[PDB]
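*Asks:* Next come the chains, spelled out residue by residue.
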Amino acid sequence: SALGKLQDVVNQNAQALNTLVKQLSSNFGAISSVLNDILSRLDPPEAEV
Amino acid sequence: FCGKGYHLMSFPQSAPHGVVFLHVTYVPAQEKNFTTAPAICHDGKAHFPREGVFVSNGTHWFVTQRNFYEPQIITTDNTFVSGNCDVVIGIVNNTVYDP
Amino acid sequence: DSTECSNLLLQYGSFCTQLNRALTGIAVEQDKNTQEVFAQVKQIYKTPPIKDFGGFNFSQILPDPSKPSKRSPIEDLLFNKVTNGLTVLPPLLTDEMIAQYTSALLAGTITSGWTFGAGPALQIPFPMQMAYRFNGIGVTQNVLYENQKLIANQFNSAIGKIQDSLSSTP
Amino acid sequence: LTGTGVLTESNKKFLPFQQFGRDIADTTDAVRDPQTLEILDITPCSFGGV
Amino acid sequence: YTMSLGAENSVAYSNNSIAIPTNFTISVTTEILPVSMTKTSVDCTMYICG
Ligand SMILES: *[C@@H]1O[C@H](CO)[C@@H](O[C@@H]2O[C@H](CO)[C@@H](O)[C@H](O)[C@H]2NC(C)=O)[C@H](O)[C@H]1NC(C)=O
Ligand SMILES: *[C@@H]1O[C@H](CO)[C@@H](O[C@@H]2O[C@H](CO)[C@@H](O)[C@H](O)[C@H]2NC(C)=O)[C@H](O)[C@H]1NC(C)=O
Ligand SMILES: *[C@@H]1O[C@H](CO)[C@@H](O[C@@H]2O[C@H](CO)[C@@H](O)[C@H](O)[C@H]2NC(C)=O)[C@H](O)[C@H]1NC(C)=O
Ligand SMILES: *[C@@H]1O[C@H](CO)[C@@H](O[C@@H]2O[C@H](CO)[C@@H](O)[C@H](O)[C@H]2NC(C)=O)[C@H](O)[C@H]1NC(C)=O
Ligand SMILES: *[C@@H]1O[C@H](CO)[C@@H](O[C@@H]2O[C@H](CO)[C@@H](O)[C@H](O)[C@H]2NC(C)=O)[C@H](O)[C@H]1NC(C)=O
Ligand SMILES: *[C@@H]1O[C@H](CO)[C@@H](O)[C@H](O)[C@H]1NC(C)=O
Ligand SMILES: *[C@@H]1O[C@H](CO)[C@@H](O)[C@H](O)[C@H]1NC(C)=O
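Protein chains in written order, with the authors' numbering: chain A, 943 to 991; chain B, 1042 to 1140; chain C, 745 to 827, 856 to 942; chain D, 546 to 595; chain E, 695 to 744.
In short, the hints are calculated from the structure, not lab data. Keep in mind that the hints are not guaranteed to be accurate.
[As the list claims (entries may be wrong)] With a straight-line Cα cutoff of 16 Å, these simulated EDC-like cross-link-like pairs (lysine to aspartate or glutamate) come out:
(1) 1086/B with 918/C
(2) 786/C with 702/E
(3) 921/C with 1127/B
(4) 947/A with 773/C
(5) 964/A with 571/D
(6) 947/A with 725/E
(7) 776/C with 950/A
(8) 814/C with 868/C
(9) 1073/B with 1127/B
I would like the entire structure built from these sequences, with the hints used as guidance.
*Replies:* What follows is the structure in structure tokens.
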């Protein structure tokens, strides 16, 4: 734990990036978290919502 | 600011997204008690250390630098005269050598 | 306590984990700040029972034995002058331990000068220490020794004026 | 399942109830071909900053 | 437990005694300071929309 100060910065940046990529898997109330599924399953009037 | 102790120098070292400073400092060690006085009374005159401090090993009085014990004879070359002995609180009587 | 609300909240992902992690980082950063400010000494220094400092009075800044909080009168006045899922975490250092740290720093700087901050605490008489400080700002030791009663009186008067100014200014 | 990516031959061995594989972001990074039952990695097409 | 602030050290103060060091230690200490982070760039259109 001698170089913990640099390791905390590296871990915080990697954790922020990891959480940013984990946010893509959430649908945020939509029917799916994948855009391609929505474009293949729905007409544009509901797809815009 | 540059390590614990009296700072002597420092050395930089590169680190991944960082810097490591090796601070070389001076730490005092092996201190010893001495009896001290603010001034020396000699010939009705008060003598004060020019850069050091008056110390006594029990029977004899010396002047030494403040951060390292190096006792020297109290002379007129490492002391200066200001006023008489009536003003300074705690002045002690000791001879002052003249080269 | 609504389960349907939490089921709908899980659709938004790990926002709550992010907010709790940020608040936890702030909460541990406050304790780190208090460690960095007050815990700079690993030795708990104490003043001697006899307060013979050559006329210098530190009673307004040294801890009061009569008070159960072991605070100085100035620190006691300072503490008197400051007044749905939410929780307040207590600080790691309580107020009496922070006061003990400040008391150790005061005892070190009174009995040893600046020597305790650079290594072992080396005792020195306080007028001699003041003379060293006088030489640091380029004034000869003799000036301090000749006018020592006046300097001690001015220091005590200024410390009392500090207490009066804190007690008289809201 | 639509998408855009480079298709390469894969070393992953799918269980027979598995058709696709998801990464961290729940994008299909491995897929089984429905005619010849073989596994393919789907690396994304290159992205750059101009 | 209640955490110990540190060891007690009563400095032997008196009005005519001084402590003078007779020796010294050349002490080297480390200080680690972060300087930079990883330079990350995120394409907002590609992140939101692919
Ligand atoms: C204080 O220091 C002085 C000088 O270092 C000591 O005086 C010398 O002591 C030695 C040992 O007995 C003698 O051989 C010398 O002749 C002394 N020199 C003089 C000029 O007297 C003195 O003994 C020390 N005092 C104590 C209590 O340690
Ligand atoms: C230091 O020396 C001074 C001067 O030699 C001493 O002062 C004298 O003290 C005697 C008796 O106490 C008096 O009779 C003289 O009149 C004093 N002379 C002066 C000029 O003040 C003093 O007592 C000495 N102190 C020590 C501790 O040795
Ligand atoms: C140091 O200062 C304190 C406070 O300024 C002095 O305490 C005062 O003492 C007088 C007479 O002894 C009392 O009438 C006051 O009420 C005291 N004030 C407080 C706030 O307690 C103290 O005498 C001074 N000197 C020493 C040596 O401690
Ligand atoms: C300087 O002298 C003081 C007092 O004579 C020494 O302090 C004593 O140290 C012993 C052992 O460390 C303790 O048992 C005593 O309680 C202390 N007394 C006081 C009044 O603090 C001190 O150790 C001496 N310093 C050196 C470097 O020898
Ligand atoms: C000052 O301290 C140093 C240690 O840093 C002492 O050097 C040691 O002395 C002993 C006995 O002479 C030797 O066995 C060691 O090997 C020495 N160590 C090193 C690193 O040289 C030195 O003697 C001390 N000096 C005084 C005057 O106390
Ligand atoms: C130091 O204190 C003693 C009493 O412990 C006293 O006799 C002596 O005069 C004092 N010296 C100074 C310089 O205050
Ligand atoms: C037809 O599809 C089946 C899987 O349903 C596979 O086993 C078979 O090999 C395929 N045949 C041809 C000619 O592609």
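*Asks:* All hints, please: hold or fail.
*Replies:* Checked hints:
| no. | hint | result |
| --- | --- | --- |
| 1 | 1086/B with 918/C | holds, 13 Å |
| 2 | 786/C with 702/E | holds, 9 Å |
| 3 | 921/C with 1127/B | holds, 14 Å |
| 4 | 947/A with 773/C | holds, 14 Å |
| 5 | 964/A with 571/D | holds, 8 Å |
| 6 | 947/A with 725/E | holds, 10 Å |
| 7 | 776/C with 950/A | holds, 15 Å |
| 8 | 814/C with 868/C | holds, 7 Å |
| 9 | 1073/B with 1127/B | violated, 30 Å |
The structure shown violates just one earlier hint, number 9.
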